[PDB]
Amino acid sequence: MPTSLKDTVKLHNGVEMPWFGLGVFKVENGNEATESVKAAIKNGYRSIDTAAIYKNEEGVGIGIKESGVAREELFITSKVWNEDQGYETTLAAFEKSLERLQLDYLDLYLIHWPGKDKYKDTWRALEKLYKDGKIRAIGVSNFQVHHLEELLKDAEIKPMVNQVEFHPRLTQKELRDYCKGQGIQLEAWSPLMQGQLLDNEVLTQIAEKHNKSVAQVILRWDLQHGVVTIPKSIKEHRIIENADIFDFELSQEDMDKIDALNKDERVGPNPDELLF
């Protein structure tokens, strides 16, 4: 549905989030982070996703700075790490993120994982930071339907985004339907399944037909499902290639064939299992 990299989705509070961005998980701090960020932005990306735990916020910041696109056209997301959950410690972790990123505000700040029993407190802290005008939008990562329901009991502000693992092996059908009905925008972490579908025969045939790569097919599939997507890529040629998805469209039959790859298979932790 986007026609270009500039294209956005309106979150429930009216904030425009780009549909397509650069995920920097498992990217090394300093130059590797700076260099991937700079190449993405140079080649039109307008959304970068990082997290305190990725240890690269500093190189992310220098790359933003060095890119020579204006701060206000850029959409920066980071996340509160597990160990920092709790009200006072979340406020502190946010300020640390800003200091590392060399940023006055963030566009989006997410609770990284739900864990057991500190996320409601952590949510109160994001609510406060949002109120203070320090963050344009607030939300969550790796929440299931039950976590959201629990959160919604006492939340003043509904999460604006839920960033989850999402790809043809983990199609998140009940969660997509749930967030859609709640006005919570789903976003796909590790949308390429960290390269694990590269040789998948179903996807390769769809790729062949469209004269595209398997990664191009998956990402187009994300967009056609209405899921914001943040593929990871270090090399400028892969950064450029991943984004070259606005000149073809997947038929309904192709979409359905891709959805049939589902096996509830994760390359990241299960949020119901990662209990802190």
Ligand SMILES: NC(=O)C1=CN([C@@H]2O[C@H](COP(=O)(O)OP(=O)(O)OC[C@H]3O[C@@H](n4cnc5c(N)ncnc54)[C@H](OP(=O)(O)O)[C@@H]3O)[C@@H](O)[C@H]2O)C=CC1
The other form holds:
Protein chains: 2
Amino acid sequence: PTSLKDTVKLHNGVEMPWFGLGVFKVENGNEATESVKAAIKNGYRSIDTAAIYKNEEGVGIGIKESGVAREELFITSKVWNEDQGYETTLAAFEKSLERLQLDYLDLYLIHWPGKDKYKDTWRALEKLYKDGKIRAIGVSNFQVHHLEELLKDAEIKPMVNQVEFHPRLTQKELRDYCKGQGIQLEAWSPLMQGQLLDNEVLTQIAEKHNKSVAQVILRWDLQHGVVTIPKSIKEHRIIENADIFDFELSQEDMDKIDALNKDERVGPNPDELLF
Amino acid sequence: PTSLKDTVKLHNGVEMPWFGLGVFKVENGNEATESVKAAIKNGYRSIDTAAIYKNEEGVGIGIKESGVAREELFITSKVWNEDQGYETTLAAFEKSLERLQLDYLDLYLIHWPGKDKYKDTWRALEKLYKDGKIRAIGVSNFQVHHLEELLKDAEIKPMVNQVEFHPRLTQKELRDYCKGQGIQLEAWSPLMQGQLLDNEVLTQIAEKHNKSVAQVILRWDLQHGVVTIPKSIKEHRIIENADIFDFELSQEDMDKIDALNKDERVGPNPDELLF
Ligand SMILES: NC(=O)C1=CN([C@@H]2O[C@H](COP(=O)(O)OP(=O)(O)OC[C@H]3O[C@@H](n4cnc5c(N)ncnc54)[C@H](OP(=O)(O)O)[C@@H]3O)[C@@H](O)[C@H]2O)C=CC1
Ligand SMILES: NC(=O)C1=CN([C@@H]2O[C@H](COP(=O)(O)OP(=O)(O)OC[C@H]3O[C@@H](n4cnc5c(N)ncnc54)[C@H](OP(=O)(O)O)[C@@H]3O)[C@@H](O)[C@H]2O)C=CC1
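Return one more block: the form solved in complex with the ligand, after the form deposited without the ligand shown previously.
Up next: the whole complex, starting with the chain shown before.
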């Protein structure tokens, strides 16, 4: 990828922008509205939200007050754990549309696997897909197991798997499984919620390039072929974060970053989050 | 208790109405606002919401629109999982106050224990309690061990433990432990989210008494000395639900209902939901 507009093709030929804005822990109304606006105005073409983020309304208002045609925009949201099941997901989806002021979503993800209800929730996604309400359907926080089990009974293969991904948790096993299945990986907490931006191995590599630690990580994502969705509520970081198409990491750098892995999570394990 | 006004004394001498409005899955603004003031217009003096419900603004609005004195109302909210940690709990609590339009909460709860972050989530509750911004502090979906564990380092013991409780799930053990610890049990999902309203055994007992199953269940919560907070978005259900003070269940009835128990949940198990 050479710019912000750049796209990855999903197994159904839907072009998902390689880069995005996540809006988790961002507050409803103006914070979310302004962040969405600032990102779009600076060229982001991809927003990632969730029902549980509480901010679909402010995101939906950013989109509109943004000034870019809806169809040039790729909007994602997720069904929450509590609405899992066939009928309750259908209904959960429509509430997301209505808060978002959208007629369709570009991606809709199951938030978490959990225990029992995700196969029926998938059936619900598939139907919305067929009804033409969602352009792409996918999954979030799924292990190779869940995916194996999903696939027994799926009519549509998931297009995206959005998992926590960063130097500290590099997802080697799931990456190989997912690329072999034409399921695109997407990185959540790509910045490890900020916890890596003092990392000395990363700061030496940022130094060399004249870049921030956040940029390096973000470029590392791109060179591994993982869609990314960093979050910020500060406009200069939103710009700082997209400013990565003017340098590359060498194989040398890439492996060093990879040598940071502790298989280490700052958010829930999908195998421990059971409802 | 003999009326809607009736209260239980928590171990710090705070008086919590036995009966409340639960507001889970009720929509922000008009729906919330209207639910609340229909309840208050009919004598309810306790409302239970949470940060993660995201009707806290419509609740606060309905509180003020009802016209009743702050001091006569009992408002409960909860710190969500995503925001546990000492600093984030203080912050998350100021957010609940702000959008509730309250100066203090009557009760603030740890929503779920999870895995790691509850003990110092608690330190944050305690601090706010000493700053006199919360009249009572407590906990939700804690098991005997979470509580043993909390108590090893607490300066203040939980005054309320809010857990899922209904004939399918009669929380026998946990009730003995809280009773002995001076920790007030409170029932969430009291009607099992509507699942039992059609139960055969509760039906013959309702019929005999000239009440609905929902009332029978509700009277059963009280005769067990559990605070209860049924949810309805329908003003007639709200009124019905509180109309439980003019009849009583015998020892036969109580034991019959009790015998329903299947250790059966409609919501997550606290021991499984591991964030
Ligand atoms: N599918 C799922 O279950 C999950 C999905 N996600 C998705 O992933 C997205 C991003 O992950 P997220 O958890 O938000 O965290 P990130 O890893 O992207 O990091 C965000 C934190 O780092 C800071 N930060 C961002 N940019 C910079 C910068 N360049 N320099 C210094 N600090 C910076 C931010 O502060 P500040 O805002 O002040 O700038 C913020 O506090 C979420 O918004 C969400 O959409 C996240 C968790 C789970
Ligand atoms: N701490 C925690 O994790 C949790 C806390 N809670 C709290 O407890 C409260 C209880 O709500 P919840 O537990 O979800 O639901 P309940 O067990 O109170 O029952 C809610 C369901 O019963 C329905 N209902 C159907 N018929 C009747 C009737 N005949 N009379 C009265 N109600 C009827 C309501 O429909 P309708 O509204 O359309 O009338 C709704 O679908 C919550 O609202 C929340 O405050 C809930 C869950 C977890």
